[PDB]
Each structure stands twice: as C-alpha cells, then as structure tokens.
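A lone chain, given as structure tokens: the form solved without the ligand.
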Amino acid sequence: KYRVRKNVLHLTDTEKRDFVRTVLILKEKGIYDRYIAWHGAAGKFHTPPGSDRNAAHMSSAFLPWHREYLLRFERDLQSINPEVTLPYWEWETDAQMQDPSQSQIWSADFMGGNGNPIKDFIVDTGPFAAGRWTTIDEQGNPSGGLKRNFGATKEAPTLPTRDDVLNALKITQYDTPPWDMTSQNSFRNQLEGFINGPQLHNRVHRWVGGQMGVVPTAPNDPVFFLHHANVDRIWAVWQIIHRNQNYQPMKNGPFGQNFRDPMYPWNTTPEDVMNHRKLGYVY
C-alpha cells in the first residue's frame, strides 16, 4: 500500500512528463510490445475451446486478468523510474463535460488528441502521434500509427457516467453462472459492459475508437492502461464495499476462470491478485 496510482486530472506537469517519458523508453526497449501481444494472445485462448470466453475477457477472469496485466506493466515502468506509478483515467467525470475530448487527458503533453479525419483518423498530436509511435496489427506486424475517433459510433456516442459506475457498484455478486457474456446480477459482466451493451468498459473502448476500438489491438494506445487502471480502481472499490463477497467462481467453472486456476498466458491465479493492497499499491 505504498505506490499510489493517481487520477490523471491530479497529475503535475512533471508527473505527466515522466509517465510519458518512461512509456516511451519501455517502447524503445521492446518491452511495451510484450504487453500488446499478451493481450492479443489471451483473447485467442478460449475457455473451453469453442467458447466466447477467453483467458482475459467475456468471463470471470476479466478483472483479475487485467489487474495482473497492469501490475506487470507498472513494475516494468518502475524498473525505469521508481518514482512513476500508473495513473487512472476517470472517464465517468469527463463524461459530465460537454465535450469529453476537451479533457486534459488528451492534451499534447500526455495522451495526444483525437484522430485526424484528413489522414484516416491517424492521431498526429501528442507524444504518440504517427512518426513517433509505431503500432502492430493482430498478426504482430506493423500497422502504421495510432488512430482515434472519439464517440463516432451509434452504439457508443458517449462515455460511461458516474451513475453507471455507482449502479454497477450496487451488484451484490462478483459474477454469476454461466460465467460469461450473459451473466445476470453480475458486477463483473456489468463492469465489462455486456448487459444492454456496450456499457462501461466495452463502452469506453467503443467511444475512443481506433485501435482502442478492437480488443486485440487496443494496447497500441497508451490510454488503454489508463482506462484499465480506472476499471481496476472501480473493482477495488467494489471489493471494499462488499467484503463478505468474494471472487467467483470458486470451482466448477471452466479452467482458467476459477479462483485458483492459472491465467493464460501466465501462471498467476485470481487468488494471487484478489487483494490489491497486498500487491503494493493503492489509489
């Protein structure tokens, strides 16, 4: 409970500077790429084979899978600069803004802006604009530049609200059988956003568009980690509020989705990361 992950809106210019710097270094080093691949690889690991469920989404392990993912990313960042921690994007507040693209999270000194429709929605502002930042497709090959198209779809014209975050936090069960895209009264499936979707998480990916718009390639965009830090935070909060509640399923769910099963592509299990304070950080 010593490294503290802050709200992006509360970062000092030098904090934003250092975060960007380090991710750039993590990118130059070839480490960042490992994270894009792990994500694409997990999505292709169906539990069980022939099912929608994959090691990282559309099932119970969604939350702990990405919590582990962020933990690893933060440690790698820390290896570069121990002063740096993963901030979180509180999109539910930006959603209150008239035009969310006005959020400081999209300023030229942090995440960069919306895509340029003159250049096929290629983002040309900020540290990650094309020419400074390389991207790779689902196949693992060069794709040619980050892309964004903020709220351009009929399905997700808006970012998720506070009420949405507050309504989800009211769910009494972590997840419910069958442990998938259809699970009812499920805080997990609710946060993932499949209920009358896209909501919350799925809705954020949809809103941003570009590579964030497709799960397998989402990580090419640094904001991805900031978005998942927010999701991880909302889950930490649920855990605090429901202390008699715990992870599910505990057993008899498909391999890779139970409390003590390994989470592909790793050996780490949901139990291993159930307690986030134990992981060394807080919000």
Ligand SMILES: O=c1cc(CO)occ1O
Contents of the next structure:
Number of protein chains: 2
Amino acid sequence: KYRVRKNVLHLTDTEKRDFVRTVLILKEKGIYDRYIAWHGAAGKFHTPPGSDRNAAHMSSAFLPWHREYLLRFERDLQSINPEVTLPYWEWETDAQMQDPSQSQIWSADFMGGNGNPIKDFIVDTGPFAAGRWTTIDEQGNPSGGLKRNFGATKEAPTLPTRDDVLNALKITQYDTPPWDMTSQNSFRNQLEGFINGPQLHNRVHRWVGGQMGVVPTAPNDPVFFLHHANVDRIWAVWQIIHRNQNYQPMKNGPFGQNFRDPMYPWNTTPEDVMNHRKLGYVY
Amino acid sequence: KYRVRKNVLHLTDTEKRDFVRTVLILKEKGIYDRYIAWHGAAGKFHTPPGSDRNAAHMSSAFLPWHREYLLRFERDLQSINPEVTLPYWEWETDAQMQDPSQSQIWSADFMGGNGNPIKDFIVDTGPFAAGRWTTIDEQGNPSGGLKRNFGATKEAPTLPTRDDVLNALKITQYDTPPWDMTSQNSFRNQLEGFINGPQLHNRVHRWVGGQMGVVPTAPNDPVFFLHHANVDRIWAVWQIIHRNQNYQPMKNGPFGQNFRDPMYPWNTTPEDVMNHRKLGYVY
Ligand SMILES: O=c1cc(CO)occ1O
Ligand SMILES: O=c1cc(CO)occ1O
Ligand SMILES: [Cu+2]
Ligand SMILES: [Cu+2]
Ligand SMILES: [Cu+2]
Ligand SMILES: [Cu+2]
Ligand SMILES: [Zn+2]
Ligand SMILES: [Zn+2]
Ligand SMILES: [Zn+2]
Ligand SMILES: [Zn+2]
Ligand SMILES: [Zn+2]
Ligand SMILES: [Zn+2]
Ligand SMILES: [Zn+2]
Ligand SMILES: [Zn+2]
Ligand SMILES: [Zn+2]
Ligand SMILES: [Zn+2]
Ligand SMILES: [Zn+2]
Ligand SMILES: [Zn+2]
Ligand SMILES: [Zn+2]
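Since the one above is the form solved without the ligand, can you give the form deposited with the ligand bound too?
Now the complete complex, all chains and molecules, led by this one.
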C-alpha cells in the first residue's frame, strides 16, 4: 500500500515531465511494444474459440486483465524511475468542461492534443506526435503515427459523466452469466460500456478516436494507460463499496474467465489481482 | 537432469497412449489453445518493428524461444500425469525409410496419418482427426480440422537427412550478425532451415504440410511439439559439441534477441534456458 497513483490534475509540472520521459524510454528500449502486442493478442484470443468473448474484453476477465496489465506497465516504469507511478485520467470531471479538449491532460508537455484534420488527424503536438513516436498496425508493422479525433463519432460525441460512473457503482453483481456483452445488472459489463453501448470505458475509447478507437491498436496511445488507470480506480472503489461481493464467475465460466484461471497471455489469475493494495499501490 | 525425453520409437504402447491422452486433456481444459496463441503472437511480433525478424523465428531467439515453449508445455503435461514427458521425432532417421509416411509416429494410435485428398486433405485417422480435435485459424476462430499433406510441395518433397543434421552440428558459431534469415555460418540459421531453404526445421514444417506448413497455425498439429523436441535435442547436442561456444548475440542485438532480453510473449530470457538440464530434463 505504498505506490500512490494520482489524478493527472494533481501532478507536478515535474511529475508529468518524468512520466512522459519514462514512457519514451520504455518505448526506445522496445518494452512498450510488448504491451501493444500483449493487448492485441488477448483481444484475438476468444474464450472459447468462435465465441464473442476474448481474454481481455467482452467478458469477466476484462477488469482483472487490465489491472494486471497496468501493474506490469507500472513496474517497468518503476524500473526506469522509481518515483514514477501510473496517474489516472478522471474523464468524468473533464466531461463537465465546456470543451473537454482543453483539459490539461492534452497539453503539449503531456499527452499532446487532438489530431490534425489537414493532416488526416495525425497528432502533431506533444511528446507523441508523429515524428517523435512510432506506431504499429494490427499486423505488427510500423503504421506512421498516432491519430486522435475527439468526439467525432455519432455514437460517442461526449465523454462519460459522473452520473454514469455513480450509477455503475450501484450495481450489486460483479458480473452475471452468460458473462459476455449481453450480461445484465453486471458491474463489469456496465463499467466496460456495453449496457446501451457505447458507455463509460468503451465510450472513452470511441471518444478519443484514432488508434484508441479500436482494440488491436489502442495501446499505441499512451492515454490508454491513463484511461485504464481510472477504470481500475473505479473498480477499486466498487470493491470497497460492495466489500462482500466478489469476482464472478468462480467456476464453470469459460476457461480463462474463472476466478482461478490463468489470463492469456499470462499465467496470472483474477484472484491474483483482486486486492490492489496487495499489488503495492493505492489511488 | 531427471525428466527423460525419449525417441518416439523407444516409447512403449502405454507411454504413447498416455502422451496422447494427456494432450487431449490439455486441449479439453483449454490450455492447449494458449500455446497455439502464444506461438502465433510471437510470430507477428517483429524485432524490431517493420523488420523480418520475430520473437520466435528468423533470428537468434528461435532456439531459446522454442525451448522455453516446450518446457512450459511439458510442465503442463506433467501437471496432468507426472510420468509423461515430451518425446522427440527423429525425422533424420525416418528420412531413410522407403516411405516415411509409414513411420510408427503416424500410427492411428499416436499422431494419425496423412491427410485425405478426398476430404481436401483433412486428417481422418488417429486421435486428432477432424471430429475429435478442434483447430483454429490465424484469426483465432475455429477452423474445422487438422490437415496434412506429406511432401506435397516441390520445395520440400523429402525430410531432412542425418547428413544435413551432422553438417549443421559442425558449425562453430551459434549465430552471426545481422542475426536474421541471411546469417551465414550460423548454427541457428542453419538448424532453423534458411541456408538454401527450406532445410532442416523449416523443411519438416513444409514436408508435413497442412497447419504445420505455416507459422500462424503450426501448433494446431501435436507433431509440432515432437518436431521441436528433436530440434531442441539437436541444439542440446551442438551445445555439448561446442562446450566453449555460447549464445549470440549477448548485447547490441535487437531487443528480445539479446542474451538477457525477455522473449515475448514472456519475460524469460535465452540465458534462463541455456542449460536444458537446469530446466529439469535430458534426452
Ligand atoms: O459499446 C461499444 C463500444 C465500442 C468501443 O470500441 O464500440 C462500439 C460499441 O457498441
Ligand atoms: O527457408 C524456408 C523456410 C520455410 C519455413 O517456414 O519455408 C520456406 C523457406 O524457403
Ligand atoms: Cu482494449
Ligand atoms: Cu480499454
Ligand atoms: Cu517450428
Ligand atoms: Cu513456428
Ligand atoms: Zn491526489
Ligand atoms: Zn477476433
Ligand atoms: Zn468519479
Ligand atoms: Zn452491493
Ligand atoms: Zn483501495
Ligand atoms: Zn531412447
Ligand atoms: Zn505394441
Ligand atoms: Zn501404437
Ligand atoms: Zn541424428
Ligand atoms: Zn552421407
Ligand atoms: Zn544434454
Ligand atoms: Zn567448437
Ligand atoms: Zn518459464
């Protein structure tokens, strides 16, 4: 219970500089690519085969999978600079702004801004603009540059709201069968964003656009980790709120979705990451 | 140095009936799929991006990657039945037969035979015939059944020979820059099969045909593990023959291909698996 993950808006001008700095090093070393690849692989790993569920999304493992993912990422950051932890982007507050694209998270010294229309939506500002940050496509081949198109889609013109988060925290079940996109009264499916989709998690992805808008390339954008840090935080909150509800399914769910099954591409299980405090961090 | 890995031809009927039994259980539990997925993911993970190299092939990590792969596979088998270890298919010997398709490895009680032309070359005999063993395509979706077409291609009508193996063992360097398909005088590139390709390792894949003939689906066929057990054995032999030769490169090679880099999709390094015997097994 020592690493503290902070709200992006609470970070020092130097804490942000170091976070960005460390992400570039991870990228330069070739470590960052392993994360893009891991997420892409998991997204194509259906549980079971032919199904709509995959190791990292559209099922119960969605939350514990990304928590493990973030922990790994944070440990690598820690290996470069032990002062650096994973911050979270509290999008539900940014949603209140007149124009969310003006949030400090998109400043040139931190994530950079929206995509450039005259450039096809090719982020040209910030530390990860094309020319300073390589991207890979779904095939694993270089792609030419990060793209973003804030709220351009008709389905997700706006970021999720505080109300949306609060209502989700009200659900009593972690998840419910058939443990997939159609699950009802499921905190997991709700937070993920499938109830009246796209909502919450899925909605942020859709709102950002660019690589963030699709599963196979999403992690190409560093904000992916800031997004999922908030999703993880929301889950940690839900866990304290319903301290007597536990992960589901415990058994008889698809292999890879049960409480003690390994989560492809790793051997770690949901049980292994149920208590974030045990993982060494708090929000 | 305790688990003993045997020549398929030295296995009793019971040892074979047990190996097959255990592979089916692994399959039924959903573990077997994790291996298909791991190999497919590694094959699409280029080091570096845009390059021709991958995490499991066409570069220095080819040998230590598959050794780790088999070790993990063997441990899972061991978890099901502690008396079952990974056998090896000594194709060099089978190459001497008038008709290699008559080798006991393809018996109906073990790997099953060649594909059925009428069926489009679907394997209809043995424990893994279509109907008894599911497969998946490159996309992770069910594919309908294992296929094999022994020596059907013009490039690999025959299995590699003893001479081919012996000549490879004479190579003095583990590998040589640029640590890829074009490497010359390298044991790794030679054994892999790129010198006057397709030879040795690549040749067996090509000879078997079906899913075994292509990178993204090759593990779908259980013989994949018997093949790679022999390739691993050949490397173990090379290691004793050149007691004073070590893995290459140790540094300044592409991330993931260096002596102490993690090998996607895992964190294990070539150093971690250099001594097979410290892994708990011998041939
Ligand atoms: O719920 C949804 C989420 C997303 C985001 O990728 O896209 C479409 C949806 O319907
Ligand atoms: O050298 C080769 C190796 C392989 C194996 O996949 O296929 C074709 C080749 O020419
Ligand atoms: Cu995702
Ligand atoms: Cu996501
Ligand atoms: Cu192979
Ligand atoms: Cu292969
Ligand atoms: Zn704070
Ligand atoms: Zn898919
Ligand atoms: Zn909130
Ligand atoms: Zn409750
Ligand atoms: Zn907490
Ligand atoms: Zn023997
Ligand atoms: Zn017999
Ligand atoms: Zn037999
Ligand atoms: Zn031999
Ligand atoms: Zn000869
Ligand atoms: Zn040995
Ligand atoms: Zn020598
Ligand atoms: Zn290991």
